[PDB]
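Just the one chain here, the form deposited in one PDB entry, laid out as structure tokens.
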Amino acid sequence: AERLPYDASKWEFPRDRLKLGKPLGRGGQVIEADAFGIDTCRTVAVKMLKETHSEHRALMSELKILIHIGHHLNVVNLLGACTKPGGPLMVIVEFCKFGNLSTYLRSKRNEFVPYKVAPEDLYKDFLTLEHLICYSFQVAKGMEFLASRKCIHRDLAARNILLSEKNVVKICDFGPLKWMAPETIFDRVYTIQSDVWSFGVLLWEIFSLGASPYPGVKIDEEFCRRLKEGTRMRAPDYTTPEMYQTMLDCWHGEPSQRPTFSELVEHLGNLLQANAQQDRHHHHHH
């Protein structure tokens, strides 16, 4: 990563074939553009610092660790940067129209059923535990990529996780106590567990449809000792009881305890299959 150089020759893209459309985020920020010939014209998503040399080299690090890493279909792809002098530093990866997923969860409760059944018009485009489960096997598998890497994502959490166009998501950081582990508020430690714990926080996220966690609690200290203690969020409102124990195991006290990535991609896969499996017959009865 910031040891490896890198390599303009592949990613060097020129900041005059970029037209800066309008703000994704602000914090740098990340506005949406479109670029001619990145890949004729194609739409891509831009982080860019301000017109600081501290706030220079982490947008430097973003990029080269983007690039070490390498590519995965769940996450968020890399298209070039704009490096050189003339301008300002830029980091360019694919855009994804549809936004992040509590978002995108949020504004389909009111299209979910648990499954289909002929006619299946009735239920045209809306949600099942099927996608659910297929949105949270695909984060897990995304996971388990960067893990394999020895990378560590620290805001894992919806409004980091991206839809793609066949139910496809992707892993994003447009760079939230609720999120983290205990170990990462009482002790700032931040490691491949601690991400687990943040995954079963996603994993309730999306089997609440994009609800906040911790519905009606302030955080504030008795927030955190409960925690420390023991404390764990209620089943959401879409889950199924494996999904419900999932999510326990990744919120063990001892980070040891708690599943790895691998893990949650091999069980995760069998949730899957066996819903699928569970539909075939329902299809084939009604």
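By rigid core we mean the largest C-alpha set that fits within 1.5 Å across both forms. Residue numbers count along the first chain shown, from 1. Compared with the form deposited in another entry:
- Relative to the superposed core, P215 undergoes a Cα shift smaller than 2 Å between these two forms.
- Once the rigid core is used as the reference frame, the Cα position of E266 differs between these two forms by less than 2 Å.
- With the core held fixed between these two forms, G99 has its Cα displaced by under 2 Å.
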Given for the second form:
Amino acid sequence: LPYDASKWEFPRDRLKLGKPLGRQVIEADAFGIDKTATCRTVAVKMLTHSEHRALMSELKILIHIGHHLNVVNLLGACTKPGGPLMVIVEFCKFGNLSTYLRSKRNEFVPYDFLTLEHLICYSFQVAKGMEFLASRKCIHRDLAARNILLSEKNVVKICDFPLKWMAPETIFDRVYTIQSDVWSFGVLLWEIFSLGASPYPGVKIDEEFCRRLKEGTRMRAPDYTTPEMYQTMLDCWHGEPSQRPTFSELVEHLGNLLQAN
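Return the form deposited in another entry of this protein as a structure block, the form deposited in one PDB entry having already been given.
A lone chain is what you will see next.
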């Protein structure tokens, strides 16, 4: 796929590497990455042919997908010979949503505390992010609170780059579709309104779990849910993928719940 260096290429000498974020992804300070005379903290993914290929692929897909507030956006890349391949994306200061919500378990009240407004807001933003990804004809496949990051001003962003999150048709037919992401989104909702719990608490994930799931067994309401939010989870977990809401419908609906809240 093409790479427009004019548009995306960023000088390696304007990146100052910092602390690692994981397995390599590092914090860095980038000067002028948005064309203003500012220093900004960014996240850098860096590096076999196989692996060079995988990272370039990721870069070209981020370019193909393009920009939305509720995804972790591409900012630039260092691809020119004479240094490591580096893919530069937005840095999300508060880390992943699951770990963050767990840390606020004692700092939550329904109405620096989290509130229902915050949880419904995060839910709404992820749905908008997914509506966007669907319109670019993407499928996420691993839509989970650990893959949502929290940035400043309560902006949440989907990482675009586990049987407990999988739709029944995905387990039983290896099917990943956008409607199977809607199922996962329901599990993500549960994660939000449990403030970062693991889904299916105490339940062993075996052939019996899968059986009960195909049969219609579902998680009970999590501790901090509204009844409207639990109903939405049940809707996302419809056994017939075509009877699940679409992401556009979830955006409209969560927007109404948010606006009403």
